[PDB]
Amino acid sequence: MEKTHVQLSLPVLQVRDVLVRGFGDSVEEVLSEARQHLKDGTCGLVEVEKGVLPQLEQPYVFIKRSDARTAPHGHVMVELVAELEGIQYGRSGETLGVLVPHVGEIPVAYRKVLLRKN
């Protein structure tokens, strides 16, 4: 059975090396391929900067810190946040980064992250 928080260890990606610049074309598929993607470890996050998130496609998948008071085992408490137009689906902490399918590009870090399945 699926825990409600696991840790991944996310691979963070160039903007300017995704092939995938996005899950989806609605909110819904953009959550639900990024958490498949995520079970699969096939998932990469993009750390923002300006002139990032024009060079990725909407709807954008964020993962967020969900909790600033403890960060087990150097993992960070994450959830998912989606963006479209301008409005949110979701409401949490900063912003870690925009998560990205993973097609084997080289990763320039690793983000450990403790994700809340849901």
Given for the second form:
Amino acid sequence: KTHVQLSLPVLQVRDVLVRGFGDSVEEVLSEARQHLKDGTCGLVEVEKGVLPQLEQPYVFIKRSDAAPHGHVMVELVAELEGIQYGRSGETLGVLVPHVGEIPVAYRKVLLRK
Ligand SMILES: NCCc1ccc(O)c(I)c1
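Moving from the form deposited without 4-(2-aminoethyl)-2-iodophenol (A1CRA) to the form solved in complex with 4-(2-aminoethyl)-2-iodophenol (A1CRA):
Then the entire complex follows, led off by the chain already shown.
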């Protein structure tokens, strides 16, 4: 399928134990996709002071369109040193590995895969 319905755990930035997916734009997009498929991906909502507490390159989920079955349609955009790889809509947040942190909420998305 071109899209997959996911329910992503929303994590507090200070709880996140593994604060990025890797060291290059291509690696972080690859790892983010693998973690989304394996159900081991969390979401941090971006507010003042969040991104400096996480590791670059960043992987964002961004709105790709305007929401089936309650799931907002999203795609992945990576960011390194102020340059973005991909073009999309409003940031829903930053993806990180999930290693069992307790979420504050779940965010339903339809991921372009
Ligand atoms: N064709 C790969 C299957 C798959 C399932 C769920 C996902 O979240 C993702 I990304 C890929």
